[PDB]
Every structure is written in C-alpha cells, then in structure tokens.
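When you get a sec, could you build the whole thing from the sequences and use the hints?
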Amino acid sequence: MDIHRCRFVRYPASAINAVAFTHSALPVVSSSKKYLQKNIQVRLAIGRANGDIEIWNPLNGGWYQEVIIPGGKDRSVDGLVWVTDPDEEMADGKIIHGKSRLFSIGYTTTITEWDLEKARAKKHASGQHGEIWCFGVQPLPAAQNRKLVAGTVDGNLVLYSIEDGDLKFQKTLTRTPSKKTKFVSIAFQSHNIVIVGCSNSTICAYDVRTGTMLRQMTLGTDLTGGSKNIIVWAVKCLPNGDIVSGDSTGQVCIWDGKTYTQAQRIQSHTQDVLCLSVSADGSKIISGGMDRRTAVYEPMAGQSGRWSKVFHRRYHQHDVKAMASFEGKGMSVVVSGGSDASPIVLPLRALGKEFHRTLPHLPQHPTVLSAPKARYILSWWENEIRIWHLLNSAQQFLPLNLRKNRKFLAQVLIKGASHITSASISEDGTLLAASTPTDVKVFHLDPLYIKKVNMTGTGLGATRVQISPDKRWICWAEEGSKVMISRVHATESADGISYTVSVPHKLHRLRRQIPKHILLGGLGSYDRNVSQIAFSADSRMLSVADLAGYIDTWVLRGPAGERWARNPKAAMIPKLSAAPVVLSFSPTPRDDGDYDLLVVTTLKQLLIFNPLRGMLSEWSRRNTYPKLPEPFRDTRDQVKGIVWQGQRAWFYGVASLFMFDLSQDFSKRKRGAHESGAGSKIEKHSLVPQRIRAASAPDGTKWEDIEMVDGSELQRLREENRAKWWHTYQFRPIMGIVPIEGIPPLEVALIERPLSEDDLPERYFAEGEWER
Amino acid sequence: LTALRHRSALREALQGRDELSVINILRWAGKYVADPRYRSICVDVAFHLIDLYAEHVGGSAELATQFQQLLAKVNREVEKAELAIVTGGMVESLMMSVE
Amino acid sequence: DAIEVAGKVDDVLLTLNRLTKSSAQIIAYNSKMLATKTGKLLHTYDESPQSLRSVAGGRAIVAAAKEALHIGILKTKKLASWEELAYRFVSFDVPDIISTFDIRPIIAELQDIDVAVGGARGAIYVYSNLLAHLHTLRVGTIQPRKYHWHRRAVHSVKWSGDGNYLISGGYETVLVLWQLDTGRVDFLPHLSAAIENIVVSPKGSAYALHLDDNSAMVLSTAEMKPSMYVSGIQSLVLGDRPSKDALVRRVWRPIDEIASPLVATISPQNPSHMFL
Amino acid sequence: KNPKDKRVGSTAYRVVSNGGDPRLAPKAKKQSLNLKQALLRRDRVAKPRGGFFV
Amino acid sequence: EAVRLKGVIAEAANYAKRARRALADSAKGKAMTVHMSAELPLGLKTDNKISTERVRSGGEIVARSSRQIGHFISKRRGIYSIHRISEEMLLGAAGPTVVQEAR
Amino acid sequence: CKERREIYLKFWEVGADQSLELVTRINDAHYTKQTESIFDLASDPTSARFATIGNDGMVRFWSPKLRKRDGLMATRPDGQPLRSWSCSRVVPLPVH
RNA sequence: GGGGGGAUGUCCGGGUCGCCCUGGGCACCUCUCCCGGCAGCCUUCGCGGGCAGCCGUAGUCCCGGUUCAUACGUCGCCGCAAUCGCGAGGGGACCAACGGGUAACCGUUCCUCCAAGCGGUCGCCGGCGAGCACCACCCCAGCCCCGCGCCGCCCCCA
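Chains as they are written, first to last, in PDB author numbering: chain R, 1 to 141, 148 to 404, 410 to 458, 467 to 578, 610 to 717, 733 to 775, 797 to 808, 824 to 843, 855 to 884; chain A, 457 to 555; chain L, 193 to 299, 307 to 335, 341 to 480; chain Z, 308 to 361; chain E, 828 to 930; chain U, 577 to 672.
Hints in this document: simulated from the structure, not taken from any laboratory.
Heads up, some of the hints might be wrong.
To be verified - As a list, the in silico DSS-like pairs of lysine-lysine whose alpha-carbon atoms are at most 25 Å apart:
no. : chain 1 : residue 1 : chain 2 : residue 2
1   : Z       : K313      : R       : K73
2   : L       : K429      : R       : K767
3   : R       : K426      : Z       : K334
4   : L       : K213      : R       : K767
Claimed, not checked - Computed, partial: chain R to chain L, Cβ under 10 Å:
no. : residue
5   : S314
6   : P624
7   : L626
8   : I757
9   : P763
What the hints assert, rightly or not - Residues of chain L placed beyond 12 Å of chain E at every Cβ, according to the derived structure:
no. : residue
10  : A194
11  : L211
12  : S240
13  : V254
14  : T268
15  : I295
16  : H352
17  : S439
Think of the CB as a built atom: it goes at the ideal place given N, C-alpha and C, for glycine as much as any other residue.
Dropping the structure here:
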C-alpha cells in the first residue's frame, strides 16, 4: 500500500444556519415500554449557507448523516421548522406516530415545505410582503388545525395554514407601527400568545386570535458605545411561563410572563448572543454567540425567578448561529451549528459530566472518485467537477517534483443553477456522469477534450448514479427511491469511441412488508430512498440499499438481449438491523460463481453475503460482532468507505483507519456504562466531583461511596464448522481514500480537508472585545 | 519601544505582522538605526524582524529590496561607527599632549 | 467557636493536628478539656490537609484538603451532653487545587450554607446548597458555579455582608468583586501589592485588606478610600507559609529566598527616619 | 435572465417569466441578506485576513 | 573582513548543526520541514521537535496531550505528500517513508 | 543580557517634607566598548561630593553646580536656581 | 550525553568460504547504570532523608484542541514656563541601494539645508465656560454601504 496525502482540494465549508430536531423531547417511559417507544423516528435537520439541508439520525449516540439535499446558486437558508402531529391510535389500539412535515425559509417572501421522500422541495407559498426573518409553528393545546407564524423585515406577521398537507398563507396578524422595526426572533409562550424580539430594541407580545397586542418590552441603548439600536437576537420561553431573551450586547434577560416584565439581566458574553436553548423540563439555559463561546445557567436555590451563570466555554471555532435541543429515550443533548462547518453536540443532563462530540464537518458521502486506470481523481461541489491527474507512481519518487506530479487538470461547470448531487466515472475515465435533482448528464472525455453526451428519458434528476465497470450500464437512484437503468452502447468510428444511451429501463424494487401504522406514522414512506448502490466487478449483479436496511439485488440475464431480472435469493437476503453505510462487491472472484458482498451498517456491523445463495458467507458465520476488535467496536466513527485488497480490506471513517484480513479470524472506551448520546465521561477535571466518600467512624478509617444520581451452542457449531488487523487515527480530517494503479500492492490517494481561518469567515471586532 | 522591551512583549508585538506592516516597520527601522541614541533598541527590533520575516524574502522581492535597503544604510553605518573611533582616538592623547 | 454544652455557651477549640505528613486529625477541646489536654477526636483524613473553619456555633465544620473537602454536620441537636459531639462527614473532590475558601451560613436556625472556594489556577467554585445536597446512599447531582478571572493564584475570597457580592483579591493586585446578581464584575483595580488577605466588618461597612508589602488598609463600602491606613517595614520575608501560587508548577516557581542583603540608609538631620 | 421588456413608449410588452425554479428551491434575496450581515456587523472592524501576503 | 565572515560562518555552522538534528529526527520519522535541495533556505530556520510541555494559565505547565501533538504534526504536514506504509508497520515494527512536496 | 544591561544613575534632592526630587540622571557613568557595571558609591562626609567606582576601573567624583549656560542662570519658576551634579574629577586606577 | 553490550543494513584486505568476523566506516531497535527534572507516600517543626517511581518524546473512541485581562469621580476653550517633533513650499549631494538599459543613463528609495506653518509632553500656588443634553420622540434633507431598473460608452456577431 502506497499512500499519497493531499490537501489541495479546497472543499468549501458553509455556515450552518439551522439546527432542528423533529422532536424537542419524548415522554419518558421505563424499560418495559421501550417496545412501544422503539418505532419513534427521531432525526435532526440542519441547514447550511449554501442552501444545503441535511438530515441526520441521532441513533442514541450514532449521528449518521442520512441525506444531503443541496439548493441552487444564490440560495441559502436561515430557518427550519418541523411539524409533528400528536400520535394517533388506530381502532385496535395500534399507534400511528405524528407525521413530521419539514418547512424552511430561503431568504424570500416564500416558505418552502420540503419532500424528503422524493428528496426535493415539495411546496412553496408566498405572501405579498417583505422578507421573512423568523418563523415557527403554533404549539399544541388545535388538534388538526395548526398554523405557521412568520415575521419579516417590514414587520407584518404573516400566518399560514398547515393541514391536509397544505401550505397556504392565510393572513396578517399585525405589523409593527414603525416603518423602522424588523422582526428578528420568534417564540410562543402559549398556544395563542406569541413573543417576538424585534430590531428597535423591542420584544412585542401579541395574541394570535384577533391579532391583538398584549405588551411591549424594551431594551436600552447599548452602553457599549454607539449603535443605539439593541438587536433582540433571540427569544425562548420557559415551560412554566417565564420568558428569556438574548440580545445584542451579549447580555441575556429574564422576564416574568404573567406581567411580561423583566426580573433580571445577566452580562454573559462580550459580543452578541446568536442562539439560546432551554432544558426540556425548563431547568438549564444555554447561550451561544460570536465570541465562539457558549454558556450554561441554572436557577439560584432559594430566591425564585433568579438565575445565574454556571459557566461558559468556547466549543466552536466560529460563531454558534443556530442550535436545537432534544431530551428523549435517555439522550439529553443539544446540537450547535455555526460557520466552522462542524456540528458540536453536548449533553444536557450530563453537562459538565461527559465530553462533547465534534461531528464531522465534511459530508457523509466521500464525494471523491478515481479512475485508477486513468489515475484521475474527482471531486464535485456547487456547480463544478474538478479533476486532477497524478501522472506518476510513488516508487519513482522513492520533493521538488511532487508539485509537477500533481496537476490541476480539468474543471467543468454545469449549466443552469442546479447542484451536482452525485457523480460517476468509468474505470478508464472516458465516461463521466453528473447527477443533479433536475437532470443527469454524461460527458465523454478524450486525453483534454470533453463532449456532452445528452440524455433522453430523464428530466427529473436522480439522487445516486453509478456506471458499470465494463462501461455498458448506467444506473441511478432517481428521486431517492426509484432505481432506474439505461444501457449505453459504445460504437467505434474513425475518430474514436462514441457512446449512445438507450431508453432508461425501470427495474421494480421488492414489495417489502411493513405494517400500515408504520407506513403512515413517522416520516411515512421515507427511508425507502436509497443510499448505496453497487455493480459487481463484472457488472453481472446489481445491489441497492436504502436508509431502512433493505437490500434489493438484481441479476443480468444475457440473450441486445441483456436485461436485468430479479435475483430470487434477494427474498432470502434479510433486512439489516441498521442502515448499511458501506457496501461493496468483492473484486476478487469466488470459485462457485457466487459473489461476496461486504456490508458495514452504522452500528459498525461488518458482514459478507453470498447473495446467489441468499445467505451470509461462512467467514461471516464464524467471525461475529463480539469477535470483532475493540478499536473497531468503539470508534464513534461512521465508516466512510472501503478500499479492497487481495485478502485485506482497508476501512476508513472520517478520523479512523483499519485494515482487516478477510481470510483470517479474530480473537479505553467503556461498554456497560450508560451515558447521553455524546462523548465519553470525564475522568480528570470536571465541574462535577467524581469520588464522593462519606465518613462514619470518627477515626476516619471507615468510609462510604455516596453515588451521585438524580450462544454457547451457537459458537460450538460455529467452531466445529472449521490475527491480521490494524488501526490508526493519525489522519484526522480524511475526506477521501481512493485507489489507483500503475494481497497486491496498490497506490491510493488520501485527500483531507483541515479547517483554517482562511477557509473560515473573518471575525469582526469593535474596540472593547479585542481577543488576546 | 522601550516600554515593549521593558514589559517583554516586543516578540509578541512583531510576530503577527503582514507584508505591508513589516514594510512600514522596516522602513522606520532603516530610517532610525542611524541615531545612536536609540540604535540599541532599534537593532533589537531589527534582530527580531530578521528572526521573524526572513522566510518570504524570495516570495516578495520588494521586501527583499527593503531587506537590502536595511543593509544599504548599514554598510555605511559601519563607517560611521568606525570613523567615530578613528576620530575617537584623534582627541584622546592630544589631551595627553597638554600635560 | 461558642456552643451550648448543656445550657451554657462556652468556647470550644478545634485543633487540626498532623498525624503523618499527608494526613491530619481534628480534635475538639473545652476550657477544662484543654486544661486536661485530652480531646474529642472528630475526623482524620488522609489527603495533605490544609485547613478547617466552622460556622457560628458548632453545627457545621469544614476541612480543606488539597483537592477534596470534608464537611462535618453535628449529628444531634441542642447538644444536651458534652460527649455526644459527633459530626457526619462526607468527602468530595474540588476540580481545582484549593487555595482558600469562605462560607456564608444561611440562617434563627442554620437552614443552609453557601461556600465559595478559590484555587491557585485563578478560579472560584461556589457551591449553593451543600446541606440540602448532602442531607439526602444517594445524592443529587451537585455542580458549583464557575468564576474564572484571575490569571495567577487567588489568595483571599469572602462574602459581602448580606452576601450579594463575592469579594476577592489575589496575586494580580486587583480587588475583584463578582456581582452575583448579574453577570458583571466590579473591581478596585490597582493595589500596591498582591492581595494577601481580605476580611469583612461586622456591619457591611468596612473592608480590611492585608497587602503583600506588609500593609493593611481599612476602607468603607462604596467609598473605597483609605479610612484606616497602616504599613510596616515591607522587607523581604522568608515565608512561614511559603506562597499561594507555589502549588501548580509555574514557569518560574517563586521561592522564598533572599539573594542579597537589604539596601538602607538612616537619614542624617533626622535619624528617626530610614530609607530602604 | 429574464428578457427585458420592449416599450412602444406608452405600452409595456413583456414576456412573462416563471421558469427559474421548477421544483428546486427559491432564490435568496441578497439585499435582505446584506441587511442581516451588516446588522450583525454594526460598526465593528474585521481582522487582517491571512498572514503574509499581498 | 574577518569579523564579517566570522558572523556568517558562525550562523552557518549553527544552522548546519540544527539541520543535523532535524534530519536525524526526519530519518527517525518525525516528519519535520527541512530543506531538500542543494541550496540554502533564505529563512535559516528549522522545525524543532515539539515541546512536550504546554504552558497554561497563569504560568503553570502541564505536558502536551497526544491529541494536540497530533494536531501540531497535522498542521506541520504539507499540501501534498507521499506517505508509504511498510509491512513492518503493518505488523507493528518499523515506521513509514514520508516525502512531502518541497515547500 | 550582560550586554543589554541598563544601568541608570540618578541624582536627587530631598525636601524637608521627605520629598525626593530629580536633579539629574546619567545613563553612562562608566563606559568602555560596552557598558561598565558600576561597583560602589561613597559620600564625602564634609562636602557635596560623590565618588564612584565601576567596571571601567576609573573612580569618578561628582559635585553639584548651578545650571547656567552662557551667563543666563537657570532658575526654577519659584526663583531658586537649578542645581545639577557633574563629574568634577576622574581618577584612573593602576592595575597589577 | 557518556560508558558499554545483544541485533538490523553497508563498502574496502578478505576467509576453506560461510555462520559472519577481525581492521577501518558505520545509522538504528534494545538493555545497562551515571544527566536534567517531575511527581506521589513515610520521616522530622523544618533543615534534610528514605521508599517504589515516571518522562526528556509524538497523531486521539469522544475528549483540556479547553478555562484565563486590570474602576469610577468632568469635560471644552484659550493663556504661561520648559521640551520635542512634523513639515507645505523653495534649495544641494549625487553617497548608497534597487529595477531596467552592456554601458551611458534613467527612475525609485534614501542623506542634508532653509522654512511658511503646525502640533505633542510635564509643571502651571493660569483663567474661562459648561454638566440628563454626544439624550428621548418625530420629521426633512446628507456621507457611506448594499439591492434592482433606466440610460451613456465599448462589444462582437449582423
């Protein structure tokens, strides 16, 4: 293995503008109702300043980046709202969960509901007014009659309906009297009492029924100097009735709600507050701001309505633009997103008791491709595809010549304003394919010269795209869930090779067996969108897997009489316990004509199929998950991908690396301890104490420890049917590990993306706050 | 500058500069070595800027010329200090010839 | 302290005496019990003991270990007989290296206590309700409120009268005052030396500081002006108690030493005076 | 972009323009975006961006 | 003339000694930025091995954790580098061969 | 640091309110190729004369005079003349 | 760093020629104790001592990749005393350096004179005026900034 590290691929970051849990909390049950609370679909939606809305699954500490949908050019986001109905009970007591609808704002007069099943924007709805600068749903007491409230720049509170799957602007509640007031932060103290922080240093309290004005709260001048408008950056409501609001001086104010007047001011940050969070029981307060710094606050014992800061700390490296908190199924967390592209999640109930978690700033898909025969590396973003050729091996160099060794070869820019979802290349690099949510396009390349192979039959885009290794099949995940393939024919002529695509042929996925209440509740027909696709090394077998854990495979029957039929053993292929993150055929062929399918799911579940037998390989029957090594079992790192060897497989997450010998069998992070869904516990220096020793017996020799709390037969058979593994974390920001040629030896490109202040936006300072 | 050597933060004061900033500071230095009344403090700062911004003299040749125009006064600053002592001996035993 | 043995309140003396170097023991004495020089052994603890204070009366005592703290709560009430003088103890580790501390007793009973503790990292942990948190085997999750301002060691931390201000001072010659009702700080910023010690008047009126250059200043509140001023010889002293920042391995560890004799001249024409 | 209108002086002949966003996403308003940007950046100054460069 | 060339040969010998130190550590495999061509770097500077001590507030010092040490070797890494693993690494015995682009 | 030693000498007057006031400051009281660490100081018990020895090896004798450049006497604005000490004598020392 | 070893790879006499070795070159892993600190735990008030000690190097499940900064009390005007500076503009040297041009030479930076004028610091046993107010509310014009439409010019194809 010869490795080439790379940092010249400037994958641009984007400022997270929205963090949004699909639930703020779940009602707490014991262990005996876990079977009831199992099928609750809980996710986290995030919006970044390139208009990218991405959904992750918490997975009780997993945080698998499920889907990324990017928006077009000059398209950002700033807000995000989930709309979950209360839970339904069927006629026989079966539970239908609340269908959670997703809404966003695209810095327009328009609010956009998004469809994640077809993976695009579902609906827009626009009123004739200014531009919306905060919005949210009316809370729950009505039952089926819920509404959307949106405040804007001119002021006028616009009111939308959300029921019967409709998104229509109804009417204006009220506009500000002044023409100089901007509505900047929204919250709801009651079902019908709305509290909005607003640019002219006000927090206006309205009632939504007749659009009336309860009260106004005032904020002074910033005695930090000029700019005598205070900007009420955030408002949040305590569940008991009090109101808290973060502001422009970095202060935070606490307001009694039954009279809507301030009981207390706290001077916390030095520059502005940008976001707040409250514990789901209404106990802890979190304040994150552009001093790249965030604090937590508790109620004072004794005196009512008085709170104080417990502490503060810098977690991020840029501001903390948005956040969202969750407290459910034993996981109390808050996710904070800013502009350094790295989400940071914190425990709520174990704050100061467990370490945080820096999620990968880079996307789940590696977004790096290689034609190893051509030694071409590939990376796409907003409209362009960028290609480098390496033109040399590593043993030739084994300083001054590595600069000529790498080369910025090519850069193509897509037309229109869409974004490249995915891309595929042929093994020799002569065929390129770019997939947008609007269309898919192919480009033939001659070593450059690029021509546009035009696609017929499409017109609706696709989510995933693969090209067969023999350069005959092009398959795509169209609209997430719709797998569809077209043959391409390579006709030679005196100028060279040319390629004509046939009609897209549809291949019907298998009718899976899901109960109707599960099909309706949650996000509905959602996980059916697929995440991973694979042709065999000879492109005779196709296999696809979704976010649910289902895998549908297909065989290619020859007589162009070639057509793909269903593999009958796909029925015997069972559904995975988790979402498969990586799947790949073995390029080393078997001896019985079957294939060997290596799959890893997001619980790091490693296994291998003999799919024509419809069963696991015997090596997977032997090596179990308890047989797996602990540095792979404890990673807290979703496996970004695999590269193959003859008898080895080299795995990589985002910060981790492994190699395993698939021929051989196999024989710090704690396991039985129970935490929140982020980080390990503290060991050395935590604000909570660790050893609490009571002392009876006045000689001090007798003490106490006061706790601080609020297949044997199967392995017999699997051994009667009858190491080389390695790991490191010495390549932290891995964004791509792609093979190239020129147990066999292979060259490989390890491209990373460290974050710098140069990539980062710049920090603005007035005279007072000048950081040391 | 006496204050920033006395409270020891000249190194902090100069280690974070940019191209144009060291252009200005070098221009001040090259202007003001020639006064011996603060030549010591100035050459301390000159030592520090040598330690801190000699790397990109090839990356930015206009600053290399400024690095040169540092010398381009200094090569005659040897002659001022030397001819000082050349004159410095011319006085001392004419005083001895008095007695 | 002053406690009621049967019906008479008298002075009890609590002596913290080392038994090894890394351990010590606390022993209570009456007047007659100190005369007979026998004592009531209350607690021995084994982590490099520093100090001990107690509340008014004798309900609660507090021993300062290096990283932990021991709290003794008198088991019986009203103290009928002398011999039933027993204190329930729980130990627990402060996250920083303890330099000093103060307590306000939340009160005609003793309903609670609130303890501020200062450490040489430059930090103040205030614990809100220790008696209610440790009266309840199992206890709830305790967490102090953090207060970091000073870079070097903090030396002297106390409460302001009705306890609304966390008053303090240390090495960096700034009398610092945590606001504790809002997020602000108020400081009398430039003293002549490191703040060795802070003490409070019986009323909330008069502060008195001992300052590292052998000095003492008694001020009145919000006047902050020298209302009583005393200074001493200010000489270089070999410190009995060595230093409060000599605990966490600074770049230069300050060492009690005298490398040169002192420079001084008596004034002629006025031999009653001397410059030094 | 949208084709500009052709006036006879009195009447405005316009081709209607609705082909930009088929299903993708609404195009953001950079004007309001700059408003929010300056409203953050009220009167402050930034830092020197990188290190040693022209 | 002797003092002029006194200065230059003094600094040349000093930088050559520190370069012996750095290339000894690079042959060990500590991956420092040292020169590769036969000409003098204009900056007479070498990448020292990372100070295991970390200075904290106010003046206290704790040892550098391996996490920040890896952060520091990462920032010392360059834009493009061939980092060849050995089978002696794969069994766990020896180290890699690193060649970064000449910066 | 032994090069970058900085050694001030300051002459002061004192008022009967124990006031210490500057009259002069000399930066270089003992100088050869680099500065000379000044070794000792002594007062004439009968006259306003201060002798001092440094690493130069010379002992220097300083006496206060009246600030008067070219007949114009420099008086403090209350009227009193400005006094200023000066190296009245220099004595080199023979070495063995 | 030394003193030393076991082992990796290497050339020159080489050896029946192989295990490698002696003679020269050696770089490394390892072990060894003597260098510098760091901890704990007993000892003695301390001075000191003892005890089993780690580290002098590299990439982590997450993660300290952190936590940290020094006051109000009053401002404005202009006058005196000591003290320094910038210089508009008008003059000299052509020293040096740079970049072009062989060169001549040019240009740029610099060195220096004279100076209109101008500030800045401390001490004013100077004077003089004024303290919310350099604010609230509102409105009209204005500099900047940014957004789009209209023209003006230049485009090309035509």
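Discussion item. So, against the hints stated earlier in the document, which numbers end up violated here?
Written reply: Checked against the structure, the hints that fail are numbers 1, 2, 6, 7 and 16, while the rest are satisfied.
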